[PDB]
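Student: Sequences are here, hints too, so could you generate the full structure?
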Amino acid sequence: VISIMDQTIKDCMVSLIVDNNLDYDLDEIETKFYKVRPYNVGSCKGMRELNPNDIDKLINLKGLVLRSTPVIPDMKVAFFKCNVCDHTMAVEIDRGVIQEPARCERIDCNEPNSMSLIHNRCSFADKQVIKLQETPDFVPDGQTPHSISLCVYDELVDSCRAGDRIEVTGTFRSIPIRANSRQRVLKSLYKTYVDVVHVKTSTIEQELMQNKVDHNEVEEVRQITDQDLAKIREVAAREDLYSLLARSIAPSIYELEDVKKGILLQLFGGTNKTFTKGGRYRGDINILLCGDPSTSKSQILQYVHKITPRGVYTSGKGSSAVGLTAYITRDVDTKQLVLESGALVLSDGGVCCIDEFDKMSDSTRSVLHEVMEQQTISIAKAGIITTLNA
Amino acid sequence: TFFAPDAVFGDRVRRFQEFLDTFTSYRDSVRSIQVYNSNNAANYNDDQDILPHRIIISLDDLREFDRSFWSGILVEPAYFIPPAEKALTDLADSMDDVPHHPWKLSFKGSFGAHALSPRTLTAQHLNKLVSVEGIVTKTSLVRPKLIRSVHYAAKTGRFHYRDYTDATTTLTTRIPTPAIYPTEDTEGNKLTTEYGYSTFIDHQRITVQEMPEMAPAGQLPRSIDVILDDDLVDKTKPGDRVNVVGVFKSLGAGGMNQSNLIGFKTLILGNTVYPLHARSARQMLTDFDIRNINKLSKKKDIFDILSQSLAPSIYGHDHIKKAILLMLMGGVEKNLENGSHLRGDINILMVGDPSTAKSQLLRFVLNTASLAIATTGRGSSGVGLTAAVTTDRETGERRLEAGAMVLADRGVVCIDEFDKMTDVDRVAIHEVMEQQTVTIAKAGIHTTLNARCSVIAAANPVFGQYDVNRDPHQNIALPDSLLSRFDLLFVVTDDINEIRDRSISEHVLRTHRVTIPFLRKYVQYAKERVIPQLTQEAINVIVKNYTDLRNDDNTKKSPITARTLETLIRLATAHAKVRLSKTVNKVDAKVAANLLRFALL
Amino acid sequence: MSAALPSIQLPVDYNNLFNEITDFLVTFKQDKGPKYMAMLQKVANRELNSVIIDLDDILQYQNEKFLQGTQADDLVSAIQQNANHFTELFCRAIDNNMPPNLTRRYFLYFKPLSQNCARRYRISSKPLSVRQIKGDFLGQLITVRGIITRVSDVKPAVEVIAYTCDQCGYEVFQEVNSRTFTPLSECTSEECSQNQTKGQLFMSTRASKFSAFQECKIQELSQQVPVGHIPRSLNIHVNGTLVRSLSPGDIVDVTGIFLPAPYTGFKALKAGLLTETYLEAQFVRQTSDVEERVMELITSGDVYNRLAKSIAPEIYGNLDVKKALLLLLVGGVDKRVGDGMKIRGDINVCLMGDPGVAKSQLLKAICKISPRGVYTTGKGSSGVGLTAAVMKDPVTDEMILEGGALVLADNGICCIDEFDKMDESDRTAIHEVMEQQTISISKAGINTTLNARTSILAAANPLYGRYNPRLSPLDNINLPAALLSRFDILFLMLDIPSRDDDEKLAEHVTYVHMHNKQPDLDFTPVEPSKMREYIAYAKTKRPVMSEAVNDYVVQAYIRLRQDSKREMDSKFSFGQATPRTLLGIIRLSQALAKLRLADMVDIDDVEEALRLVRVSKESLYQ
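Taken in order, these protein sequences are the chains called A, B and C. Counting with full-length UniProt numbering, you get residues 268 to 467, 478 to 667 for the letters of the first sequence. Counting with full-length UniProt numbering, you get residues 13 to 61, 91 to 141, 151 to 310, 314 to 333, 338 to 570, 651 to 738 for the letters of the second sequence. Counting with full-length UniProt numbering, you get residues 1 to 31, 59 to 126, 194 to 216, 220 to 383, 394 to 729 for the letters of the third sequence.
Among these hints, one or two may not hold up.
[Unchecked claim] Think about it this way: if two alpha-carbon atoms lie no more than 16 angstroms apart in a straight line, the pair counts; the simulated EDC-like pairs of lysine to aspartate or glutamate are:
1. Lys574(A) to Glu542(C)
2. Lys681(B) to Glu614(C)
3. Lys693(B) to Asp602(C)
4. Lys240(B) to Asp607(C)
5. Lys231(C) to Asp281(B)
6. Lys454(A) to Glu256(C)
7. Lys574(A) to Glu256(C)
8. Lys681(B) to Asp607(C)
Just so you know, these hints were derived from the structure itself, not from any lab.
Tutor: This is how it looks when you write it as structure tokens:
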């Protein structure tokens with residue numbers, strides 16, 4: 268479809284210029300390639316939902332960008348040379364195998380003269396690789412967020428910073444992969460990826486997308502039952518609300534209200550301020566609590582963690598200053614090394630649930646002072662030196 | 013139609029009619045089998061609303106009935122067998138025809163010429179019907195194996211057939227025909243294969259050593275594998291002692307086939326394959346010896362003399378000597394009704410500085426020991442373990458190669474450099490020793506196997522000679538239930554005394570310049666006859682002791698457990714066996730006491 | 001050729017049968060539209076993906092067709108006997124009539207008959226042991242029952258591969274099997290054949306036939322395990338609709354046709370052909396006069412003590428602990444909170460002391476008697492022994508979460524030995540599973556959180572060597588209170604030698620072995636069978652608490668925390684009698700009541716629970 272579309276498009280551009288007679292000096296531009304990057308296509312249910320029934324279809328996705336491979340070159344066009352004469356002829360990959368001629372071009376001859384493959388001379392597409400952590404929301408449970416990976420391609424490459432919350436659409440895709448790495452064997456059990464059509478170059482376009490008004494802001498982005506909103510603003514009037522809420526907070530837990538309260542504030546915490554630049558005290562509030570054990574002191578962390586969308590619950594000593602950040606593990610799926618956000622970078626946003634704080638490794642929590650103060654984190658370590666915000 | 017019936021075959025079958033008609037005993041036996049199947053068939057259908094087809098045949102009949110069919114099958118099982126099995130399947134069809151398989155035979159016997167053991171085998175025995183006995187290892191892990199092929203053919207409908215003759219098929223071999231997998235019928239119509247029509251059979255093949263007991267003085271063992279399938283499969287565990295009826299196959303090309314040494318992989322098929330019982338020597342006591350025992354049994358002091366008979370070379374340790382004796386004896390064995398068995402045997406352990414002859418003695422142990430294997434430190438692999446021999450060996454049935462203890466079941470395991478051995482093993486040892494059994498889930502064959510072997514072990518002082526003054530513990534160096542597990546723990550010391558030394562060196566020199654033969658003889662009969670049972674006479678003494686033991690000793694030293702008690706039990710029972718007494722006696726108690734004391738102190 | 005690949009006539013006739021199929025199909029009666064027709068349009072409306080067949084309505088179709096003739100050919104006896112053909116052929120019979195195999199879009203499943211339909215009277222389903230499984234049932238449709246391990250992550254498996262000549266056009270449909278394949282090239286197109294030049298074909302993913310299989314291995318229910326040996330495991334085939342329904346640590350009745358797939362061991366190891374086989378999965382299923400059998404126990408009364416004794420009479424002494432083990436086995440009643448949150452619900456028992464007691468011997472006992480009990484030791488059962496690995500399973504497909512220990516024995520007790528030696532990761536998990544119903548593995552290919560319903564029994568030896576009395580409690584005890592907090596019942600068993608009793612025990616041990624039977628003059632121990640029965644009957648009760656018992660409970664509890672803290676510093680201890688102490692006791696009496704079968708929850712049951720409590724510890728004073 269999109270192919271036909273592009274064709275019609277060029278043809279139309281032409282027919283338009285012709286109306287204009289001389290256009291843009293002159294006919295070269297028509298020969299140039301225009302391409303469709305359709306977006307906004309369908310309401311797709313997550314990923315995990317999808318059936319093999321749809322292997323190839325436009326699909327909508329969302330959520331922050333986990334990790335992204337560097338550009339990986341792709342010769343559409345391989346590059347070959349001959350031992351004789353030499354002739355430089357080169358074959359385009361097309362289908363994913365490169366079938367090289369045994370012999371030979373110039374001489375030809377014959378001669379069963381080695382046809383050399385100049386790897387520095389071959390074409391490269393990057394079509395980059397983005398580990399995607401998808402949030403469909405609408406979580407059916409009991410599922411835990413799937414991670415995705417999409418090949419992008421072309422101009423799309425690198426247009427995305429990691430962590431962006433983006434809307435992109437693309438083609439569902441599935442591929443087998445060879446198991447032995449020696450033998451020709453392929454794994455059956457195909458492995459699925461996304462082809463990555465349009466994102467939401479679109480990068481260059483940016484708010485030119487917002488033109489046409491950008492879809493009435495998704496019709497308010499599904500704001501509450503307006504009536505529900507009224508209920509909210511209504512309950513606000515409840516004078517007890519400050520208390521009543523704290524009650525509603527922990528149904529199971531008894532008494533200890535001021536706790537429930539301070540927490541409630543932790544849910545409402547503060548307001549972010551960028552100053553002119555910097556500023557950025559955010560709203561952050563770090564509450565600690567101790568006492569006699571079995572306080573339910575656990576139970577609460579349970580509750581919050583349950584509530585908290587981005588929160589994470591961790592145990593003292595089940596921990597050290599590293600697991601909170603930057604695993605930088607070998608991807609090993611590609612047999613690659615891959616930067617893995619440790620616990621904290623993930624926890625950026627929402628709250629963090631810390632068991633056995635008093636018991637944390639001294640190495641650990643050295644982390645904290647950075648976090649607590651900075652509210653961000655600077656890892657100069659290993660291959661990449663950076664200060665990430667959590 | 014095949015190659016058409018041969019009056020060879022025809023007369024073979026026909027000839028085998030009168031037998032089995034006489035002796036008719038089988039004629040109804042099959043009917044019994046059918047009956048059983050029928051009844052079970054009604055149980056499945058009506059209630060919620091099985092047996093094998095082989096029937097044994099005593100070879101005794103043939104000699105009377107047919108000497109030439111006797112002789113013929115024995116010699117030419119190839120010829121005689123198949124037609125016979127045919128006759129059987131036919132009569133079977135006759136018995137109950139109406140409602141709607152090999153119908154094999156065991157071939158009991160009345161063996162044999164043709165009675166030979168795995169040591170003495172072939173080349174004349176090659177391809178004759180044979181009966182060999184011995185231990186079961188390396189066993190196998192069965193694989194189901196397929197049979198006859200079936201194919202649907204559209205649009206022609208119809209059906210196809212196919213068969214497959216294994217190298218193990220029949221017994222005596224044949225010119226092999228590869229049939230591969232039938233498909234794409236000619237004319238070119240494809241063939242849709244169908245299962246559940248196509249028959250299959252489970253498959254298994256195990257190895258059989260020559261009888262360890264009957265083994266020669268010393269030498270390399272010579273074992274032979276046999277294939278067992280379906281019904282025959284799985285009947286026995288590795289380490290079982292058994293006698294197998296099966297033909298000797300030469301199967302396979304011996305290298306003359308591919309033109310470009315060894316030859317002709319040979320194996321035994323099935324067949325009857327009976328599990329047999331053996332103790333837990339050989340020997341021959343005649344009249345005189347048994348008498349000699351009998352008279353000697355009366356001698357009151359005999360036990361000490363015995364205790365002396367062991368150590369021609371060794372001074373002292375008569376306590377220990379006595380100990381070993383008791384090990385040889387071992388407190389009978391008790392398997393409670395519908396309940397776990399009481400361990401009769403005792404595990405022994407010795408500790409001291411080297412030159413203790415600890416190494417040396419163990420040899421002497423092995424000598425008159427009547428079996429069993431010896432093990433030194435590491436040692437392994439698996440010790441007693443089957444290793445679950447992978448893969449198969451043969452046919453696809455993955456072998457279980459019975460290890461030391463299994464093989465040493467019924468027998469004396471020597472553990473040398475016991476300290477050296479890996480805790481990895483030790484974990485198992487806990488099971489083997491106490492639990493008295495071994496269990497294997499590995500991949501794999503899921504079975505628990507029984508090694509009943511008794512245990513002795515010698516291990517160095519923790520470090521250096523420091524054992525002597527060292528604390529009762531940490532002198533140990535191999536906690537713990539280890540320590541508990543050995544029924545006996547012996548601390549020997551190398552500390553010097555000049556008087557003692559002279560006493561030694563005299564003996565020493567003399568060496569350079651009650652006959653043990655009679656020993657093991659005295660042993661075996663004592664072993665099989667007879668169990669002392671137990672007597673309330675002692676029981677008091679024992680409890681008295683034990684309470685004294687936990688009581689004062691836990692202050693003095695440790696550990697004292699119910700284990701201690703049981704050990705006492707086995708101890709007494711053995712001492713009665715030494716006494717030959719069909720009963721337990723309070724004197725024997727006093728002895729076991731003395732010894733246990735010595736162990737403690 | 002004839003005389004090669006012979007033909008053999010069989011009573012089986014498919015021609016008439018297929019007709020019979022079309023007859024029963026959608027032309028059916030018992031269930059205005061006939062069930063299969065309507066269902067068939069619901070699929071034809073595109074709404075319904077898979078089609079579940081049931082043989083009972085076939086039984087009814089036949090009794091309709093038997094009587095009420097003409098006599099019609101028996102499908103069932105033929106189906107279960109083959110059924111493999113029956114799948115594909117049935118499929119064709121259907122494909123015609125709707126409101194080729196390449197375009198089907200629907201899955202066909204069958205449901206076996208047990209049943210009351212067996213009782214008609216009318220086998221196909223006899224839930225079986227893998228032991229009970231013989232290699233002669235290959236191709237038969239069979240129903241069995243066993244423990245789900247493995248239980249794999251569905252992966253698309255392709256059936257046939259479509260290439261297109263694009264020169265000769267047409268298509269190239271290559272069916273595919275096992276793990277791997279080599280893609281076809283040139284063109285097999287009959288038009289590209291015999292031409293001087295064959296077309297070149299490249300596959301098209303939209304065309305090909307793919308499937309998501311889902312894999313599992315199943316283990317013997319282990320009650321079925323023969324006295325010896327060990328419980329066996331089995332692989333199973335599942336694809337399409339049936340996928341995802343499976344989870345480890347599941348006890349399910351599965352119904353599927355048992356099908357072989359060729360494999361063997363080391364090449365030097367195979368005579369041929371074996372099969373190595375497989376199993377395929379069509380369908381999965383996860394107080395009359397017996398009250399007399401209970402009543403034998405009941406009428407005698409003193410069932411709490413009687414049974415108490417009746418547990419592992421094999422050992423002399425410690426009736427208290429045994430009595431505890433009783434309730435341990437009983438459990439109850441849990442609760443759910445209204446939102447709701449649940450509260451176990453179960454007992455957590457610690458057994459202290461060393462070396463002897465053969466303390467383990469008890470554990471052996473329980474694990475023996477208790478259905479769904481599992482005996483384990485520290486070094487011992489690996490952490491991944493308790494945890495589940497995601498590992499592919501056979502026949503069906505793929506990446507199966509194979510659980511152990513807890514998952515394996517859940518809803519039933521789990522027994523731990525050398526509890527000191529279990530190290531740390533173990534300790535963590537357990538510390539967690541004290542949340543009950545909770546195990547969670549985030550590692551790698553596992554995001555899942557399993558629910559473990561097991562109960563926990565903990566046997567450990569005191570800090571070396573044994574219980575230094577000079578060592579305080581928790582001194583002589585190596586473990587963290589955090590876990591100890593979880594442990595409901597810590598039975599600390601210490602040994603001070605005593606002339607008199609040691610006589611008694613000594614006698615017991617002499618009498619048995621001397622007798623196989625220890626109890627005499629007079630104790631009737633309870634057959635763990637009928638015992639287990641009575642247990643089943645009690646487990647149904649779910650008692651309710653008196654306000655009074657509630658009150659006394661409270662007061663006492665105050666007294667309990669109060670004295671416990673009044674103890675203050677060390678010795679003695681462990682404090683503090685945390686609420687969990689309370690809650691625990693609540694569950695405890697809740698159990699004692701259930702021994703009465705209750706619903707009353709009388710204050711005596713409580714006071715008992717107390718006596719027991721005070722009894723558990725304080726043994727330190729002797």
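Student: Checking one constraint from the list: CA of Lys681(B) to CA of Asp607(C), max 16 angstroms. Satisfied?
Tutor: 10 angstroms, holds
Student: Below or equal to 16 angstroms on CA atoms is what counts here, so check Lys231(C) against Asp281(B).
Tutor: Cα-Cα ~10 angstroms, so holds.
Student: Can you confirm whether the C-alpha distance between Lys454(A) and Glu256(C) stays at or below 16 angstroms?
Tutor: 13 angstroms, holds
Student: Does the alpha-carbon distance linking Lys693(B) and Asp602(C) stay inside the 16 angstroms limit?
Tutor: Within the cut-off at roughly 15 angstroms; holds.
Student: Need the status of pair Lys240(B), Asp607(C): alpha-carbon distance at most 16 angstroms?
Tutor: 87 angstroms, violated
Student: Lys574(A) and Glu256(C): Cα distance at most 16 angstroms?
Tutor: 55 angstroms, violated
Student: Given the proposed pairing of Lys681(B) with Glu614(C), does the C-alpha separation stay at or below 16 angstroms?
Tutor: Holds - the C-alpha atoms of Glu614(C) and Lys681(B) are around 10 angstroms apart, at most 16 angstroms.
Student: Take a quick look at whether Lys574(A) and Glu542(C) sit within 16 angstroms of each other, Cα to Cα.
Tutor: 14 angstroms, holds
Checked against the numbered hints given earlier, this structure breaks hints 4 and 7; the rest are met.
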